[PDB]
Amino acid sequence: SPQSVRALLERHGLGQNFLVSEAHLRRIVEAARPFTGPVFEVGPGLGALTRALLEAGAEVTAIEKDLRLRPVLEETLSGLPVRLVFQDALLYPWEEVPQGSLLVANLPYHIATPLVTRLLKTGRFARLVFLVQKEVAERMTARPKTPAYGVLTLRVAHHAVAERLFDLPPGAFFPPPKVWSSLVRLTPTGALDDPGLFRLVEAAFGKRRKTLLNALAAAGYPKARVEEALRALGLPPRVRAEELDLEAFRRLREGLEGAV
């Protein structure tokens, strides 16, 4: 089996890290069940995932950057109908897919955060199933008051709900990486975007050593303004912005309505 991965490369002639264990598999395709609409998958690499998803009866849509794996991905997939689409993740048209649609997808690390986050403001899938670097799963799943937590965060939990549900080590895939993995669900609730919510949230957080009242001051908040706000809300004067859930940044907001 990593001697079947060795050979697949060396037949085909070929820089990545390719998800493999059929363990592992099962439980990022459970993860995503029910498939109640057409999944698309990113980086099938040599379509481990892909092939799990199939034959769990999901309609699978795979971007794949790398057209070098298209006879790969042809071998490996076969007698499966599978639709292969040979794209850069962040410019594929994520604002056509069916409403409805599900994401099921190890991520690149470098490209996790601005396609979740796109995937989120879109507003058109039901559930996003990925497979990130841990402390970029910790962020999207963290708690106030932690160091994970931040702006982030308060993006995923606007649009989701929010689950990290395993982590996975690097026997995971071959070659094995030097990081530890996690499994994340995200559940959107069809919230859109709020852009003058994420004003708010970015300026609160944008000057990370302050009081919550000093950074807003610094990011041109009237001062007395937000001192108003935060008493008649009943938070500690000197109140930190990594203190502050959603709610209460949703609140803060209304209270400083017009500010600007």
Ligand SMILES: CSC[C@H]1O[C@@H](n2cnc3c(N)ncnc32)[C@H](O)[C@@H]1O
The other form holds:
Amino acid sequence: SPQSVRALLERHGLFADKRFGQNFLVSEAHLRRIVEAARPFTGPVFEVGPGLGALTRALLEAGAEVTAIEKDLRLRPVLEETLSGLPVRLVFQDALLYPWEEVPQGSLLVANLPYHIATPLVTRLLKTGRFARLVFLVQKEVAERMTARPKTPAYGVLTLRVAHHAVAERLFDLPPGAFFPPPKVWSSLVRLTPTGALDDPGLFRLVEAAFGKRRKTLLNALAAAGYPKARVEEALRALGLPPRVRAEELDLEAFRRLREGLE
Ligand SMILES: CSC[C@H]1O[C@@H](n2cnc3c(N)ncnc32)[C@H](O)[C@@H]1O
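Alongside the form deposited without the ligand that was just displayed, please also present the structure of the form solved in complex with the ligand.
To see the whole picture, the full complex is given below, headed by that same chain.
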């Protein structure tokens, strides 16, 4: 209930703080969808932003071993209340500072992520190579980026970052009313399933360069970033791509081949 969430906040003298991107899940049906997207719980679960503990409780009740990382210390009493009697390790810390590279191989991320950290956090977790599955809520626009196909407005660096590490699924869209307080945009449930690759800095130097200068062809964008123009011309030719092809027209394999051609 939006009422129960409002009432719970009121009882604990809390107000949702925009500095923490606080928008708390209201629907048991959405909670169920998140748990069902993440299961089976074959490794330890990390939840970033447990908030009032709604998803934390759902995860624990499904038998997950949970570490929940919450930056807002004001939420400690409600979390302790919600999670009374349940084995959750509550960590009061900025999740952007948590030692992610050390989590057990096979871990899971399951989280209603704060909008302002979702992209750098997911990027970092994917670079660790440690997760079996990452299941999380993001703004619909960010989900679209993470799941974009080439030659579309949402297609870009983030799409390619996700794709390099993982297959990506947008499973469900949630309206603003799924949260209290309601945010201004729709959200989406995303599932990422890592496929083995760790960071490839050479590849991402190329990908970042490709998309840096948006109004240029791929060739001129790379040339402006310091890639030898003649070599880019040849690599594109060898790929059977048009001289004026744009960055958003290349899929992950094409970028991998382009990188290989440049070197
Ligand atoms: C969508 S609700 C977001 C949840 O994440 C928490 N949160 C916001 N920023 C961070 C952060 N940097 N690390 C951990 N939790 C956070 C918020 O306080 C809230 O419970």
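Definition used throughout: the rigid core is the maximal C-alpha set that superposes within 1.5 Å between two forms. Positions refer to the first chain, counted from 1.
- Query: Relative to the superposed rigid core, does the CA atom of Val239 travel 2 Å or more between the two forms?
  - Reply: No, the C-alpha position differs by under 2 Å between the two forms.
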